[PDB]
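**Student:** With chain A fixed as given, assemble chains K and B with the ligands onto it according to the hints.
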Amino acid sequence: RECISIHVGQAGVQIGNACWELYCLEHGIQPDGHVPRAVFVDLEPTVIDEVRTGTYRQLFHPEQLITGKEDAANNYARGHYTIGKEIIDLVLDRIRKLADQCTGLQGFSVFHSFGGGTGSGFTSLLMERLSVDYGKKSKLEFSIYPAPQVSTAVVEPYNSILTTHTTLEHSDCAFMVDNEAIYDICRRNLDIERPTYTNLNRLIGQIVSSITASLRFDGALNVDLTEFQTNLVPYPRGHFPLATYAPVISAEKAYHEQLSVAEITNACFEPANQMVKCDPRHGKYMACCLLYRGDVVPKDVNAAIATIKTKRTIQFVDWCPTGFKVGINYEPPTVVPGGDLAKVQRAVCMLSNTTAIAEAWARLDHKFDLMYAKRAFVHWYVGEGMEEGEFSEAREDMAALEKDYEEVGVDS
Amino acid sequence: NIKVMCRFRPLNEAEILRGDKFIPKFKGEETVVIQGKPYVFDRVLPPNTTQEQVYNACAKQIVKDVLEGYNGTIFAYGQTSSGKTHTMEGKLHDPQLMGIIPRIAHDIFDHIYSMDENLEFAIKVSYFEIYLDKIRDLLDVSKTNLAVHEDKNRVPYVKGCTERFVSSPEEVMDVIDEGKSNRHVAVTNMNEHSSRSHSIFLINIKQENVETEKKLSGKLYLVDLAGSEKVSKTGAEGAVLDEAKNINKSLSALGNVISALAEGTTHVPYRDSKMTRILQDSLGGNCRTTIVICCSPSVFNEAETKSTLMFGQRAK
Amino acid sequence: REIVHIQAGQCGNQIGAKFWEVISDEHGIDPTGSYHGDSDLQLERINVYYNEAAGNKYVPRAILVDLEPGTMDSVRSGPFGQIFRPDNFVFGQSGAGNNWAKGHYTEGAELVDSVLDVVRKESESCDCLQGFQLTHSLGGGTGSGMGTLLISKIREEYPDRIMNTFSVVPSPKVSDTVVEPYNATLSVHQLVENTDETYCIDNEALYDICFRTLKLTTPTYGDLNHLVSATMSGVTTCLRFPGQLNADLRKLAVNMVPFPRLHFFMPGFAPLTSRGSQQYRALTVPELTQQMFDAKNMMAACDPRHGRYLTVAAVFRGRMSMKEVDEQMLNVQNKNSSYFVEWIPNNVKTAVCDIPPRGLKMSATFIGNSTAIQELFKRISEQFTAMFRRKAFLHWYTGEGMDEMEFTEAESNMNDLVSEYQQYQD
Ligand SMILES: CC(=O)O[C@H]1C(=O)[C@@]2(C)[C@H]([C@H](OC(=O)c3ccccc3)[C@]3(O)C[C@H](OC(=O)[C@H](O)[C@@H](NC(=O)c4ccccc4)c4ccccc4)C(C)=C1C3(C)C)[C@]1(OC(C)=O)CO[C@@H]1C[C@@H]2O
Ligand SMILES: Nc1nc2c(ncn2[C@@H]2O[C@H](COP(=O)(O)OP(=O)(O)OP(=O)(O)O)[C@@H](O)[C@H]2O)c(=O)[nH]1
Ligand SMILES: Nc1nc2c(ncn2[C@@H]2O[C@H](COP(=O)(O)OP(=O)(O)O)[C@@H](O)[C@H]2O)c(=O)[nH]1
Ligand SMILES: [Mg+2]
Numbered sequence: 002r003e004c005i006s007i008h009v010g011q012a013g014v015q016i017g018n019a020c021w022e023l024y025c026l027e028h029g030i031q032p033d034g061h062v063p064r065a066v067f068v069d070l071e072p073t074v075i076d077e078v079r080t081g082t083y084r085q086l087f088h089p090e091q092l093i094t095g096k097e098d099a100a101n102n103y104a105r106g107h108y109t110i111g112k113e114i115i116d117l118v119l120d121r122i123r124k125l126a127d128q129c130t131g132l133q134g135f136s137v138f139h140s141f142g143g144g145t146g147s148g149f150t151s152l153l154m155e156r157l158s159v160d161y162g163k164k165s166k167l168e169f170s171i172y173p174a175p176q177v178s179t180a181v182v183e184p185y186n187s188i189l190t191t192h193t194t195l196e197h198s199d200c201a202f203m204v205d206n207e208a209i210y211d212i213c214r215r216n217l218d219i220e221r222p223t224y225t226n227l228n229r230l231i232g233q234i235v236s237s238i239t240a241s242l243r244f245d246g247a248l249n250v251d252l253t254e255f256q257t258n259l260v261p262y263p264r265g266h267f268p269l270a271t272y273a274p275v276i277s278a279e280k281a282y283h284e285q286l287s288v289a290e291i292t293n294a295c296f297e298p299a300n301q302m303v304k305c306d307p308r309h310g311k312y313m314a315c316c317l318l319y320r321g322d323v324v325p326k327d328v329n330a331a332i333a334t335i336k337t338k339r340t341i342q343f344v345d346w347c348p349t350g351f352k353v354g355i356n357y358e359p360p361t362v363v364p365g366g367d368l369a370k371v372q373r374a375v376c377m378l379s380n381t382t383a384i385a386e387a388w389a390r391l392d393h394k395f396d397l398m399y400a401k402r403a404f405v406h407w408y409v410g411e412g413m414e415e416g417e418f419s420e421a422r423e424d425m426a427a428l429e430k431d432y433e434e435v436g437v438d439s
Numbered sequence: 024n025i026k027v028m029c030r031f032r033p034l035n036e037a038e039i040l041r042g043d044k045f046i047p048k049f050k051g052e053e054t055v056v057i058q059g060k061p062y063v064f065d066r067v068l069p070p071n072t073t074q075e076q077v078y079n080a081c082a083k084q085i086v087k088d089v090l091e092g093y094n095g096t097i098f099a100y101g102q103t104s105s106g107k108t109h110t111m112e113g114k115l116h117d118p119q120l121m122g123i124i125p126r127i128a129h130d131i132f133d134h135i136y137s138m139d140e141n142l143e144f145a146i147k148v149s150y151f152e153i154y155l156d157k158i159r160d161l162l163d164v165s166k167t168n169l170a171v172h173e174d175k176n177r178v179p180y181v182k183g184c185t186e187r188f189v190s191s192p193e194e195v196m197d198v199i200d201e202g203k204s205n206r207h208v209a210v211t212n213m214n215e216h217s218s219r220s221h222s223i224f225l226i227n228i229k230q231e232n233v234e235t236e237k238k239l240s241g242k243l244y245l246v247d248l249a250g251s252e253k254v255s256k257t258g259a260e261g262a263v264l265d266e267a268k269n270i271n272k273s274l275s276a277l278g279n280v281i282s283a284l285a286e287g288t289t290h291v292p293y294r295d296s297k298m299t300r301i302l303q304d305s306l307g308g309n310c311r312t313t314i315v316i317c318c319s320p321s322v323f324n325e326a327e328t329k330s331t332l333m334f335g336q337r338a339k
Numbered sequence: 002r003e004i005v006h007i008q009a010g011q012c013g014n015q016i017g018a019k020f021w022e023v024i025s026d027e028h029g030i031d032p033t034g035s036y037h038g039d040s041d042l043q044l047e048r049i050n051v052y053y054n055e056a057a058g059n060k061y062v063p064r065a066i067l068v069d070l071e072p073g074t075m076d077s078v079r080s081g082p083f084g085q086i087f088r089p090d091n092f093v094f095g096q097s098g099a100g101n102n103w104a105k106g107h108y109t110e111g112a113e114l115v116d117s118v119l120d121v122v123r124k125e126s127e128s129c130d131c132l133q134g135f136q137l138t139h140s141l142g143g144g145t146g147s148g149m150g151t152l153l154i155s156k157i158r159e160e161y162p163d164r165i166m167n168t169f170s171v172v173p174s175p176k177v178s179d180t181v182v183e184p185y186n187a188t189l190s191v192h193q194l195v196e197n198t199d200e201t202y203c204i205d206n207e208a209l210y211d212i213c214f215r216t217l218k219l220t221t222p223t224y225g226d227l228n229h230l231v232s233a234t235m236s237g238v239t240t241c242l243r244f245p246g247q248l249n250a251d252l253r254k255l256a257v258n259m260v261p262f263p264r265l266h267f268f269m270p271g272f273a274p275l276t277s278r279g280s281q282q283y284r285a286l287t288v289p290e291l292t293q294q295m296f297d298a299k300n301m302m303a304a305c306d307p308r309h310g311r312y313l314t315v316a317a318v319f320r321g322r323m324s325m326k327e328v329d330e331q332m333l334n335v336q337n338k339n340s341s342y343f344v345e346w347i348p349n350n351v352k353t354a355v356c357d358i359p360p369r370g371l372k373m374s375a376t377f378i379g380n381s382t383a384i385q386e387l388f389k390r391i392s393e394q395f396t397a398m399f400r401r402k403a404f405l406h407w408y409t410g411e412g413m414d415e416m417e418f419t420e421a422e423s424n425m426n427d428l429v430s431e432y433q434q435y436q437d
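Chains as they are written, first to last, in PDB author numbering: chain A, 2 to 34, 61 to 439; chain K, 24 to 339; chain B, 2 to 44, 47 to 360, 369 to 437.
By construction, these hints were calculated from the structure, which means they are not laboratory data. Just to be clear, a hint being listed does not mean it is correct.
As the list claims (entries may be wrong) - Result set (BS3-like, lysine-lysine): computed pairs, CA atoms no more than 30 Å apart in a straight line:
id, chain 1, residue 1, chain 2, residue 2
1, K, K229, A, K112
2, K, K44, K, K83
3, B, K338, B, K372
4, A, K401, K, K329
5, A, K112, K, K87
6, K, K253, K, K26
7, K, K256, K, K166
8, B, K124, A, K96
9, K, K157, B, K156
10, A, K430, K, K253
11, K, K229, K, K166
12, K, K272, K, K182
13, K, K157, B, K124
14, K, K26, K, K166
15, K, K166, B, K156
16, A, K401, K, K229
17, K, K329, K, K50
18, A, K430, K, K339
19, B, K176, B, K299
20, A, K401, K, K166
21, A, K311, A, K430
22, K, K87, K, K256
23, A, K112, K, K253
For reference, chain A alone in the conformation it holds in the complex:
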């Protein structure tokens, strides 16, 4: 029934504090109410401390807040092997102590930031140690993969080609939200050149609320977590769909809010609104899980979608007749009291697997090579319990992820 969550890496923790905020906010549980149902991991104390100093301070148990005073290191190796190792046990312990206390759970919604040290590496083995300790569950990892041109870390790819290959054979469904492609939404669909990280977080903090929160919440067309991976992954590769939200209108500027279904659903497939720089440049969808929430008439959907199924310029895979999982919830969304989110009475958090990422992975793989081609910051990992193996052998890994996402599509 439930779904634990492990927010790993400063980012996964910032986003965590955010997604965790939106929660109580739409459940009437102020600062000090019940008890969360997740944990927080980081090898840099000062960040988890922000959850220990700032807002939502006492809504957590100093037990579900793991820290390694030591060093973060923007390098996979160190975070996965060398350092990150020391903490893992302890980490697990909570996701085994928190996993017990419950009643027939469904899985762990993992929150990490692909291209980091504590986020890429660590998790790599966290999800790793999970796939074995609970192979019998769902492992949906919600990632924030590398901005297409606006990356931060100098190494980023090293850290992301490595978190992909190690987690690939362990996740159930990996959701992806592109940090940059979300900015566009903040520039083009909300207008603000002042987007603090605290915003992107409010956003995913939204799209995510549509996943677990409301879905695990009764409705006219419930959709379990398992449901996802089933209706969402055509193949064992921990396939990565993309998150998209519909009413991303500004709560100040424009106001046409009352944008009946027929509109908000069409607003999902236009590439300028998908929290991912993977513009459907060719990527044929192969399965979409249209999660609606608020006042929505099933016919409105079983029509708004029909209209789409016949737009053709939206070309769905061949081997897939119908790939539209319509998830209907009741309670409308719940916007921050005064952030910058419109606040409509219905939304569409559609996520999907698109042959599109054939790109995004490509462009991120290429990156890697360029540097590896010169070993660049390699000495930083080797000296951290890794080898020419793990790199070269994780490169070959993704290689067959560029072929995979190519074969499962583009061909009939």
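**Tutor:** Leaving out everything else, chains K and B with the ligands in the frame of chain A:
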């Protein structure tokens, strides 16, 4: 130029009853196919290939160059039970069973004696290990932290390394045995060769032409490489983790050096490790280098053998 | 986490006074007083630089190494001078001769053990150690020689913890000493092989940046020092603050050093506007990157425009949009694709603290790893040869128990170091 040579050993009794199947498929005399992907090298020696045939192709030309006053280097790489000991030393006193080192030493002393007319020979040996990034003399237990220095012509050399005079093939073997007893190895239960450091054996062939007054000094470096360690597996901690990082760093450095030399780069990163700086003079210029990689043909070793194969590919 | 500063030599020392002059105020620590901190955040992470004893006395955890009493006796007899526990003062009343050899082999070598002693008392302080900060000048005895030894020993004692080095490489135009390239070439040598992050500052790159970027007409040393200390605060201490995207010495190290040499950087501060007038506030952000990335404004002597970059780390510290930050960085990376090296898709390492420099609204430390610094070690290396060739003031070295092969060594080494760095400019 640099040459990479792969050697597959036959299957042993300890793995015959294990029911492992031969994953090693061969092509020509230079290619080895593992899981439908080819792996081209300068030469691939199966299991039927003799110690004599292995030596002639990998070491014989380097020995002639050293006796002619030039430098040369021989690297031996492989995981535990790959065949390093058998390939490099074998049955040290048996004529057929003997490896690479007794043969080099045989050929050197066969050139010596045969030239006693105007020539005066001096054979100087040195043996050191790089352990935890420190140069430890294996011939003097008191010299645990030797430093690499440069002469007036920027040539790196190991300062204060023991230089033992050797007048016979047996003297060289005794020196190798003495040094081996000083190497950082772990007490392991069943197996001869498992190390936690890289080993460098130096054979310096000095000659003075009494009448011509002209002198030659050729350096032969015999490098014993500890295998790359995946520290996630093994679960190495403390000093063992410091050992594993140091072995891995050194192999990366070495790979970076051979790759640069193979591509004919103007910059060769000898400064990446103390090992590559000790070998700088013998790796650069008019010097032939052979990397001998030993692997197993077992289906269980497919991971560690593909690891040994990719290291050889790095050299090229 | 933690670190333990090291004030090697006079310069490195003089600067200590300025680095601590600042940092303290950036942490509300009065002379011997405690935390008057205008806020409450300038305390949760102090540990990085202090120690708890009394309850109002958080003492800087640095080391003051010098063979010239008068110096430390000027730093200890002035302003904040009375905050260091006397135990910190590792003096060498000997003759602090201006010889690298006199402070590395003969005179300093003695005072070393009585230093390492303390560098251990401070390291074994508490919690977990990160690394050590090292200030000094590569143009003297107690600086290049003795300080360059202090590290060679440190890096044998904890090859785990990091080593940032703040070196005052010998300014071009005019040398404030004569053997300079001797004391220098010899110390850079030691650097390229122990510390793993070096921030090279030039007394004349500062003047310039301090007399034209600060209409400041009488730039006393105190100033230069002050400006420098401003950067080293943005680096360390800063990142030991919260941030949307924070990093720490390692991130900085693990994102900036592609190849083990250690490589040296060139720090640059953000808001560098003259007092009254200039107080333009054009600091939205494009103004900071405008700043940081220009030629002038690079504490180094060389000009970036003269050689690609390998890595860059804009360590900003003041509330801003992870969008207008992450974005700007890009255009910057495209307007100058020319010089920014290619085999690194994203050279830049954007870092973002929250709280800014006490009295300012928005700043951003710049730590550049450009190939341009090739044209400096060249300089140094040249000066050497031109004088080595004639063994100029060599008797002051050898006569102190040195070697004719020692100088050879260093030059070459550091000389090769120039070579390599070009391997990427191409
Ligand atoms: C009224 C007002 O706003 O005054 C400003 C001011 O006028 C200006 C000109 C300051 C001023 O700085 C200088 O004039 C200066 C003098 C010598 C060397 C270098 C700089 C200032 O003195 C410096 C001072 O800086 C700080 O307070 C920072 O926290 C800074 N602190 C110190 O350097 C410091 C100085 C004395 C004692 C202890 C610390 C800092 C910067 C980075 C990391 C840590 C701390 C500031 C904003 C100002 C004055 C006071 C006039 C500027 O410098 C800095 C470092 O902020 C010079 O250009 C900037 C722009 C500022 O607006
Ligand atoms: N949406 C969103 N992205 C974030 C947030 N914080 C960081 N990121 C992104 O995630 C990545 C940053 O990871 P870091 O904060 O460096 O590291 P970490 O994953 O927390 O773990 P360490 O490297 O060990 O500190 C970058 O790509 C950021 O753009 C956040 O609050 N929201
Ligand atoms: N920025 C700066 N440079 C200094 C200071 N003091 C000396 N220097 C520089 O240091 C060099 C001289 O070395 P010095 O510090 O006297 O050596 P030592 O005292 O014998 O170790 C000259 O290049 C000076 O410009 C200072 O307080 N600040
Ligand atoms: Mg973090």
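**Student:** Run every hint past the structure and note whether it holds.
**Tutor:** Here's how the hints hold up against the structure:
no.	hint	result
1	K:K229 / A:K112	violated (52 Å)
2	K:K44 / K:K83	violated (34 Å)
3	B:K338 / B:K372	holds (27 Å)
4	A:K401 / K:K329	holds (22 Å)
5	A:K112 / K:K87	violated (51 Å)
6	K:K253 / K:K26	holds (26 Å)
7	K:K256 / K:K166	violated (33 Å)
8	B:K124 / A:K96	holds (21 Å)
9	K:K157 / B:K156	holds (14 Å)
10	A:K430 / K:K253	holds (28 Å)
11	K:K229 / K:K166	holds (24 Å)
12	K:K272 / K:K182	holds (23 Å)
13	K:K157 / B:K124	holds (26 Å)
14	K:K26 / K:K166	violated (33 Å)
15	K:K166 / B:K156	holds (19 Å)
16	A:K401 / K:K229	violated (39 Å)
17	K:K329 / K:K50	holds (17 Å)
18	A:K430 / K:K339	holds (27 Å)
19	B:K176 / B:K299	holds (16 Å)
20	A:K401 / K:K166	violated (36 Å)
21	A:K311 / A:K430	holds (15 Å)
22	K:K87 / K:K256	violated (43 Å)
23	A:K112 / K:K253	holds (14 Å)
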